[PDB]
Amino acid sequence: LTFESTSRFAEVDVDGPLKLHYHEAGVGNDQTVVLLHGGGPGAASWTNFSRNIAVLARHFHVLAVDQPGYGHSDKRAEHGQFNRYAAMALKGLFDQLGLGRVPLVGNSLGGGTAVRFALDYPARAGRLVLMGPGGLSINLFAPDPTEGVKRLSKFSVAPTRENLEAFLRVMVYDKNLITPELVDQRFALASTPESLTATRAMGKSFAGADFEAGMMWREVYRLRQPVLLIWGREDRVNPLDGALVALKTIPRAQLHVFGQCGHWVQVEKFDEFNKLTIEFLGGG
């Protein structure tokens, strides 16, 4: 399984043509699962879920979708509230590929997208697995912006190698996972002019007049499916106090917290994460 072997494109309509890049594996497995990556600079499906796709494709038909503005999907200079824009793109892909009701796995930004999708198109979303998710998290104790959000803003204003490294260090509990190669690789993807365009256009959409659609902690009492929340105890981006409203209000919620784990659960606890996701989604 490689970037190239799994790479797929689709054209969907969201206020005009929109190119979506995704990865496909485990074709023929009975159960399809959609993976939605996190929102850090230079993030994309393949790099986000590298320690996971190969393992999950043993059990599931995996579609790992680059959200609009990331990886090889379109990087428009302007859009509405990001999670609803991303959910509309996903609905386009579901319709194009003929998907019915499919479970979603969403990390950070992609967890917000998974939830907005499950709220707006309730019959198309199955079980959700959400890792340090945006949108449905509200940090009842942590002052906003958090250390993780501040370092992301600083990179967006001064997109240097040093500021990217400072951002990546507050993603993980074990700062040795932040290797020169990782930094070099992510900096290379994050600093292209169209990636910077996509990241700037992000800032105006969470901060713009469309903000209420982002406040999904207000709405998740409506989710009817089982939802597994997964958190790193040491998450410095979306800290653990953000899980509480969703745990309380989602009728069939579950929460799993890993000690000695930051925001990148799927990396730092990759094995325990894969096993929890496989069991929760029904073993395939």
Contents of the next structure:
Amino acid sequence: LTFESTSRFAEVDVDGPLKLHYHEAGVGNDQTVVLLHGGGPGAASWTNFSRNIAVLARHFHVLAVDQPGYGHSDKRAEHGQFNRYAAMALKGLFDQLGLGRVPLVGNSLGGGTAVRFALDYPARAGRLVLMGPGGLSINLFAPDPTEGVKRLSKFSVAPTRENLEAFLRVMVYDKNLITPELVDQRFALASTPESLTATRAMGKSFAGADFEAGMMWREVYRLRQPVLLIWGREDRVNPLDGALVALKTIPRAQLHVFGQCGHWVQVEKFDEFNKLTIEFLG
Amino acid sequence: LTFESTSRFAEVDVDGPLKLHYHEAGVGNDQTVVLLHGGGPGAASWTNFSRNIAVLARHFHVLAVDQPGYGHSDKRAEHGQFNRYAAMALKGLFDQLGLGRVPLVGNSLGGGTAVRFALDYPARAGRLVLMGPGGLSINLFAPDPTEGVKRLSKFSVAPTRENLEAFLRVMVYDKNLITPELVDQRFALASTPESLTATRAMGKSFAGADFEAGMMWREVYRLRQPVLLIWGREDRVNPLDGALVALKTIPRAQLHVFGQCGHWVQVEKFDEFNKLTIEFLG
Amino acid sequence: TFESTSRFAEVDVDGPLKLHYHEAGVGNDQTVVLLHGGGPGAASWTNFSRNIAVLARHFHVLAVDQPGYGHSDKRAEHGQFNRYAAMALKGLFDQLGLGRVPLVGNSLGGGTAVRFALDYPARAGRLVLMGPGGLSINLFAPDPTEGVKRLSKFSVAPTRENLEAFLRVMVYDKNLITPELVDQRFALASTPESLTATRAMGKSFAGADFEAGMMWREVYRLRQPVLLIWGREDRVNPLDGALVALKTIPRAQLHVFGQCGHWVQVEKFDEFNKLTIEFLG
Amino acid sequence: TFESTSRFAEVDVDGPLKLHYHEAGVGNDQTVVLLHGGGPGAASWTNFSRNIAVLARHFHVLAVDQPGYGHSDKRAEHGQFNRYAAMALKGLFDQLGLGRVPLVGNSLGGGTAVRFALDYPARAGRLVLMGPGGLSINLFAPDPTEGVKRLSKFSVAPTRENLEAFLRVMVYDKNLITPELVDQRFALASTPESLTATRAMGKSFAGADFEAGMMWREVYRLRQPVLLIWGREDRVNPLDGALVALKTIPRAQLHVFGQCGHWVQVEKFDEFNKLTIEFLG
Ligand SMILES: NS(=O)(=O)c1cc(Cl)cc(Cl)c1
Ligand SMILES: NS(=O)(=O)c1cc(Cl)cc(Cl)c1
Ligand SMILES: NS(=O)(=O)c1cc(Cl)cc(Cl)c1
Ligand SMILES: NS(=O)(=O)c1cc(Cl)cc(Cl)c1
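Swap state to the form solved in complex with 3,5-dichlorobenzene-1-sulfonamide from the form deposited without 3,5-dichlorobenzene-1-sulfonamide:
Below is the entire complex, every chain and molecule, led by the chain shown above.
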């Protein structure tokens, strides 16, 4: 497994052709799992889930999808509420690949996409594993915008190297993870005009009349499947108090909280996260 | 493994000889683990950890100790703050068995004993697994006494079969676990004069000037080992809000919460609890 | 007096519905509507005994018996209760010619106040909500709470002993639960109309319109100032149920009283009256 | 006026310590001590500008510059700060012949108020604590909070731009942060004595007496009524830090203002004044 061997493209229909890039691994395993990455500038499937795709592929058929706006998937200048938009895309990939009811793994932005998908297409979503998820989270104590969200915005307005490192450092508990190479690589991807276009589209979509589609804490009481919520105690993007409504209202919820862990659970607690996910998904 | 094959007795010194009953299993395994049962009338090591001792013994050298006042351990009419009292007893067993630094597993009352032990004898306690633990818990939202605590008290004042079933039913999420046989067996053990004596001793000890020894939420910021907190979402004895100070202040804490689970985690979520414990303890 | 303030009105909620209420302080510039808590034998006058007289020196007070309670109609059928009660209140508003009126609500009535403010937004002003149902969601307390359990137990087995047990976990200071109070509530709760109202309440929970009671989902939409008041020791609607509403209601405030249960306006009556009067004017 | 109310006293805390304070409303029956928040350039008069005059019509007000702030001594060394300040306040109490006095404290000063009430229990009456340090423990917010981070950043790099950034996450309404305010605070914070006080504060955190600042451990011992006041949007000492104290202080109350930050007595000054006056008498 390299970026190239696993790379795949599909074209789906979401008000018109939409190219989705994903990675496929562990082919031949009976049970398929879909991984949905976190947001943040420069984010994509391969780098987000580097500490995991290989391990998970020893147990599952893994499909790690670049959400629209990220990675090598299309970066339209236009789009509605994002989680719903990405969920519609994922629905097209599901139909195309002939996929049935599949468990979903989602980190941060992609966790929100996972939930939106599970709500909109309930027969198609199996068990959920959600790490510092957006969407279903609502920060009952932390004033919004959080520190993490503010630094992301500040990057979006002024896309400098300094603003990106500042953002990345409040993503993780262990700031030694934020190396010069990580910052440089992420900045190179995030700084392209296409990615800047996608950032503009993400910004305008917030003003949309479909905003309620992002407020999934209002809806997850309807989720019938087991759901494993995973949180870094020190998450400064989507803080721990945001887990509470979901834990309370999802009937078959579990919550796991890691001390000394930020927003990036699958990297910062990669060994522990992998065993939980593998056990939880069978 | 039967009650008889695993049964062991030791005499330790806590202001005088104190007979401790415990169960020993999986002899020959390199790493020793001590299990400390929950409170409640009729409670003891074998019945509390019935769904677990066998499984854990496939990986560890298991020592499940009847705390003083419970099981076949001594039921003195007199004793000071309980967790400290039971911890002193456990210290004597540790010294006698030549035990070094050992991980501890504790449910409810015994979780408090585990913590008190880890605080008082810090070099002797390894990783902790704590299920709906007393002591370190402090119910920030739930008015005290909780429902669970009130029904236990009501049994203590009026030790009837009806009061014991009522108590047992708020111990678990799935009330079908509370069968006629369970109630009868527990009532038979709890109703003996010796056990009634131990209940009186437990009651008087609350009035003691050493009460601060029970307030372990004040002290667990000192715990240096990894600690796995495990909670039933629907725990009505030690409710979930009681986990928060410990999660915040123990540097290497983790928390796992099971939906559809009460105070009796190791029974109600026995398969999941066993894999977490085994993985966490190595 | 009970009699001097007593009023009746008949409105349309899927047919005639007779509503009883108490009116006081007429002539005052600002009208305020009071909505009592639930529980057996509850009604406007006895729920708000420590408050109507004080409030009427500042406001035009309308204390309304919600359907199923007091001297208001006790239908044997009805859908989600807070919406049902809100529809009734809406009828009363149009009839009395009210504009935008602040609402005061304890427990059940707090839920009705909120449902009303959501369903008829132009008609509700500032809200004072004491241990309110509806907008509360117990993030930590397992449901049903001990309060709700004892209330249910009475519904199944309506004995004096079971009512007393409910009334006793309603309050921090159990000395407020006098034998006379128990006897007064029990005589009222034990009538066949009242048991019909109780049975009707329980069935409504099974309704397809249940989402209407999940008001924590919707209060981010409230634009008016809202003052939440809670007893730290509330065992019916515990304190953790305040949190979503505090977070999501933009002009929210919260006051918490230590040594206070579910019945705020009684157990902390002087402080409640002063808080309410200032917040409302 | 600043000058008319200004007073100095010298007490013993391991040697002479000069304390500055403001005195008003002399002759009133009940004395009240005010303890300002922290942050660079903070002092009694400017912290409590919207409050001293109003409070002095009801109480005998003593607003004390805590050591390290205002015109009080700024030693380059000192142990855990709230105990240090409390020892100073204790000196002032004996000298002025005070008995049992209610305390009002914002942020840092709230922590000092609490430390004082614990260390000299006979000398403290009712407490009013606004976004207080010391007794707070942020159960959900990762530490250091964004507020504390920007405060630290100023300590390392004391620029106008960094002070403004701190002042701006101190408050909900950023229009309160006027250029003039920034300039006033910065001129005071930038003096070499003040930087010495700032450097001293940071080192004290490394002290062996750190447990003295962990007052959430001890307030279950407070016997007096305590009124906690918080801004919902406090980014220095966030709202989740109120919870242990609310739970464990037996006669506690809590008030939370939506649309309010760390600087409660300014951002919600009319409501704060009224709450304080009623609670204290
Ligand atoms: N709060 S959230 O999970 O939805 C989220 C997280 C990140 Cl890092 C980025 C975006 Cl655009 C959104
Ligand atoms: N709150 S606690 O864990 O300490 C506890 C639980 C039970 Cl079931 C019994 C006793 Cl005596 C004490
Ligand atoms: N949870 S609630 O406020 O809606 C409530 C309280 C009482 Cl005391 C009774 C009823 Cl039926 C409902
Ligand atoms: N967390 S705290 O209240 O103690 C506090 C607040 C401020 Cl603004 C400054 C200082 Cl040094 C300390």
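Heads up, when I say rigid core I mean the largest set of C-alphas that superpose within 1.5 Å between the two forms. Shifts are known only where both forms have a C-alpha. Positions refer to the first chain, counted from 1.
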query	finding
Position that moves between these two forms after core superposition, taken from 122, 208, 159, 145, with Cα shift of 2 Å or more	208
Cα displacement of residue 199 between these two forms, core-superposed (Å)	1.4
Backbone CA shift between these two forms, residue 99, after core fitting (angstrom)	0.1
Shared-residue segments moving between these two forms, Cα shift 2 Å or more over 3+ consecutive positions, core-fitted	206 to 208
